[PDB]
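Next up: just one chain, as structure tokens, the form deposited in one PDB entry.
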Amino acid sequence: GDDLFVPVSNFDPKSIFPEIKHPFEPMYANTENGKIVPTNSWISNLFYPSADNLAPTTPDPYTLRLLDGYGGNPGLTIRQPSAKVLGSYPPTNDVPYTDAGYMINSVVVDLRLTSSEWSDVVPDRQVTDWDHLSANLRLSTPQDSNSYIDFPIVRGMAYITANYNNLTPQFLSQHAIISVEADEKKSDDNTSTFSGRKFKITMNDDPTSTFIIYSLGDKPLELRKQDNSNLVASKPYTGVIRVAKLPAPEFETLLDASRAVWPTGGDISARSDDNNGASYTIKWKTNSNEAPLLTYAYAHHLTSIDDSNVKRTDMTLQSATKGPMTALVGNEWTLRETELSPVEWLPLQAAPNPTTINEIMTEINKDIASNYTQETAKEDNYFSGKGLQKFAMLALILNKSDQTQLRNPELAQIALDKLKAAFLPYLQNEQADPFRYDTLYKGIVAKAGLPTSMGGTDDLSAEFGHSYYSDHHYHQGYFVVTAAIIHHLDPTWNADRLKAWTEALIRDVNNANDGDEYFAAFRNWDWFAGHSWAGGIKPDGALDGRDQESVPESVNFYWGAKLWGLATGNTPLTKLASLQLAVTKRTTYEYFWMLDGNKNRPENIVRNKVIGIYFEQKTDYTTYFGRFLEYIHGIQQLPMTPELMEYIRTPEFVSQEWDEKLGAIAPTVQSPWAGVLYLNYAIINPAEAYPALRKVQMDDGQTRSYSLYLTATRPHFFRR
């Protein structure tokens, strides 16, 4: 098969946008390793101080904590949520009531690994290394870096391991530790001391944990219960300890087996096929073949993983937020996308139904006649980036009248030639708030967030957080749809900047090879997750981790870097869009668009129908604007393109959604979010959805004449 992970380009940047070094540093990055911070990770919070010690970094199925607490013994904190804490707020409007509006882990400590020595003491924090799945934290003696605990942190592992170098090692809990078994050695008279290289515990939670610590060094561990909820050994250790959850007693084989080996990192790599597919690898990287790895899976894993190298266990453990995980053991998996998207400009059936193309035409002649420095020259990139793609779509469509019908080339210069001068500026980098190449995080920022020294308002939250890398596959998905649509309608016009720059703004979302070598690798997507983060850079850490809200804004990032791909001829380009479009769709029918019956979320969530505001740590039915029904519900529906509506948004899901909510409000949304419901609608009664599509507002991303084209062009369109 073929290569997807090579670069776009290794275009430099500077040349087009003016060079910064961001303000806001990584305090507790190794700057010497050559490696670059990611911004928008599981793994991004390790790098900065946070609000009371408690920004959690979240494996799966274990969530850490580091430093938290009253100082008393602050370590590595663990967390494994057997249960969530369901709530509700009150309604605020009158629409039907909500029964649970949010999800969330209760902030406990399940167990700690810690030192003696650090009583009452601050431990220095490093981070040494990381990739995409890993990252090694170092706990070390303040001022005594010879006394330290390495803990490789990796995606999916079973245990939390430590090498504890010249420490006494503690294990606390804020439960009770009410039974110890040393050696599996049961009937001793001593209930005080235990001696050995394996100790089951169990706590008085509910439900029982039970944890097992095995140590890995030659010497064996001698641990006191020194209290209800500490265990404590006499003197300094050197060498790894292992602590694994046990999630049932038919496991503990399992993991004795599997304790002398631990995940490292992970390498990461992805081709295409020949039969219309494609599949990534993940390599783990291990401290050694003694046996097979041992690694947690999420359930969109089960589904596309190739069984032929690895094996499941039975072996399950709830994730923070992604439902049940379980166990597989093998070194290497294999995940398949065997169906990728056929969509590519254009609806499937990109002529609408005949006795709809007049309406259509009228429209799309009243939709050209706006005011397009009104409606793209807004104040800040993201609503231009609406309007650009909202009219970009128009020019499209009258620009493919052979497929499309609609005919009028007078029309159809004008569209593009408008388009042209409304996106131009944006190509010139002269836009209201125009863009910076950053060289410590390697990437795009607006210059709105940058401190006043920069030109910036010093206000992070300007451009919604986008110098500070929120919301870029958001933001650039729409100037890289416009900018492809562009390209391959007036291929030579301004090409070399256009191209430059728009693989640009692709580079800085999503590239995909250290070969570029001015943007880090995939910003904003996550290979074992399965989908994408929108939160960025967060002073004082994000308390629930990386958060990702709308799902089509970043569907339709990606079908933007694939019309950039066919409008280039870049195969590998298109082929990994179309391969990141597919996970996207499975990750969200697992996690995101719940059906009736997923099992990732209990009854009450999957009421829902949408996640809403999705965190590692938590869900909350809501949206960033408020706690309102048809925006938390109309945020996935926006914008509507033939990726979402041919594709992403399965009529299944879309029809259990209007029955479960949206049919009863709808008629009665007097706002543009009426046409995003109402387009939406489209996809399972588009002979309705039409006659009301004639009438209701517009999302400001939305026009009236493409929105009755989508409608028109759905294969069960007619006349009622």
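Throughout, rigid core stands for the largest set of C-alpha atoms superposing within 1.5 Å between the two forms. Residue numbers count along the first chain shown, from 1. What changes on going to the form deposited in another entry:
No residue of 377, 315, 95, 108 other than 95 has its CA displaced by 2 Å or more between these two forms when the core is superposed. Comparing the forms between these two forms, the C-alpha position of residue 187 differs by 2 angstroms or more, with the core used for superposition. Annotation: Cα of residue 627 displaced by at least 2 Å between these two forms, core superposition. Once the rigid core is overlaid between these two forms, residue 26 does not reach a Cα shift of 2 Å, moving by less than that.
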Second form
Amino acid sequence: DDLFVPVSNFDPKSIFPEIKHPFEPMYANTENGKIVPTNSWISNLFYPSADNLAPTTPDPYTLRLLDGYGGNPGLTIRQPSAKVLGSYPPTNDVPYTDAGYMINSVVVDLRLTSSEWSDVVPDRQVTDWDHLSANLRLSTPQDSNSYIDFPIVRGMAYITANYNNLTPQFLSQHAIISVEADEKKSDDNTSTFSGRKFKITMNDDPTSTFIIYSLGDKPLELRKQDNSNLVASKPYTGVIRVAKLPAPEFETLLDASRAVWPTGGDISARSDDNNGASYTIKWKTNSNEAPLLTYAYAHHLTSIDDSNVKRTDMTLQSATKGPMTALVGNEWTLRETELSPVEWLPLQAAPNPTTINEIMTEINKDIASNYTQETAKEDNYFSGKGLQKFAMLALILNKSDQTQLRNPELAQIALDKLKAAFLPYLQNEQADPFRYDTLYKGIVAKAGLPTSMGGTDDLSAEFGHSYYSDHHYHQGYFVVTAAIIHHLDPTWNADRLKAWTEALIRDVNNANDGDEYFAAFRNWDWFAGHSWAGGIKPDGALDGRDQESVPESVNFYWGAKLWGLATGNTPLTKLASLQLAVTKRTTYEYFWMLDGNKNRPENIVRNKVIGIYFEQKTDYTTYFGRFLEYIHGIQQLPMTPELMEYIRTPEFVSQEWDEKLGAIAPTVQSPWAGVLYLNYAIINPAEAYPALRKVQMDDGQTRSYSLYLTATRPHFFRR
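Taking the form deposited in one PDB entry as the starting point, write out the structure of the form deposited in another entry.
The next block holds one chain only.
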């Protein structure tokens, strides 16, 4: 079944008040009929940044555009062979003397510019883009016929530059200490080099070697004008490519593929009938005259179908995902053969019979909560956490044929109260209602918009939701809640509930251009294999996209799956399943690290979680302090059957407990205690259960659901 099909083409303007986002893309080609992505690896290209330092990271190359230092402005390349590591000194709370953060140095390894741009700053435009690529054009402001096109594509092994009537200039912030033209050694006092291939070496550490390929009709005549600049002798028209040579044995490989470059790619996806699914990238190229060489991430290697690609040994370090390996082939198919079996409930739906009465006692008390106080918060995020925790209780009481939690009267109250708490959100009457944005084609909360639009004028309001941050996190809670309501009572406000919920899903995860109201895959990256949280940053996301909470991302796709189940939508159910599987794969490659992980140095691996994750850096911390229960606890909520039975493996949970959390858990006097101990129930439910009866609960967690989840472990017993 084709998984890349619309959820619907319902017009969201009938449900949310229309706006045009007040913060426009500055460098976007507005006449191409395409939508500027808000949470993409290409998103920095569309906006200015301080000193133009915002990076765009196709990987293994890091790029900056018209960054202000080092000389004539252009397309700056950094290829980080080595990282800069820093450590947080030991505290009583975090005593382990390992590394805390990983960053990539900001330096011009090599820049493509022009002699004509000595005293003018080029105009720039993103002329076209797709999920996997963007074409960036730089041109002389007075003369649009003097320009360079750069097709910037995920995984590209060379930088490609189509020069038009410009004098090519190559500069570095390192010294260029040798130039070999057309595979000839030159004398030490030679300062001009002519030919169509240039192998250049820098004085950096470790030593960078780059190869420049000139593919135009005329050769290049390059003069070394100082330690760091090679300048052509006249205007040039033609394609120039530059590749980092990772090691001497790969020179013939790079030579052989010099004439073929990627220009973009088309993605498709299908489920099968054997609990598997796949997604395929068909790379677009200039020609098929030579092999396409493309760098792949670690999780690509473990899931790719080897039947139509060849693996090389050619490797370069990615910015923050470990080593990449070049693959030969115009087409990749990635497979996930083990889709999650999780639906609404734990795999063992009924808790151990000796706990039924206790659990029922706790469920009744939790349902007796003031739902308005606990679900009608100032913001959608904490409201959603509350809505979902009570949705769990309506769910298990109304599937009593499975859960054996039988109490018809309480089951009705639980669903009635949930409906009543949810109804204001459905009617867009909550404290922070949504707007449909015609510019970026999504929905945004009111709070972060200008005062004239009823907002606070603070773009950080609602955790940046109004500037497209964190939609998967926030809307996941509402989708799960809506799916549960619609599953238990398909009649209740059905038409509006369907339109509203599917709008929230389409905002985050629309899979088809035929949906004309929503940008496609706002929060999912098919190349990275995970979600991105960070949205629009007016002066640049200086470390690129970010993502912190893996579980709140999981929670969105679980909710999408639940909605698919509730509506009999097999493509939606299967797409969400596929993304959950890819999520699980990349989580253990890059984010939650088992002993033996090869994508990080040992002193980062021992931290067990990566912390706050960026395209350009990682930081073992949180935004509200460095207690272990914070840093690790964020990767443990919301605890749902998906997180507990499929995502968080007992091997990881036990290693993490062993090395970090076991020692501090009994000393935690905060709601994080509830978080750690419900996580603990994965491996030691017998000990977790009495702890959960007494410690504080996270605000998205209930004691009754916690006991239920614990007592449904196959190895639970009483203590």
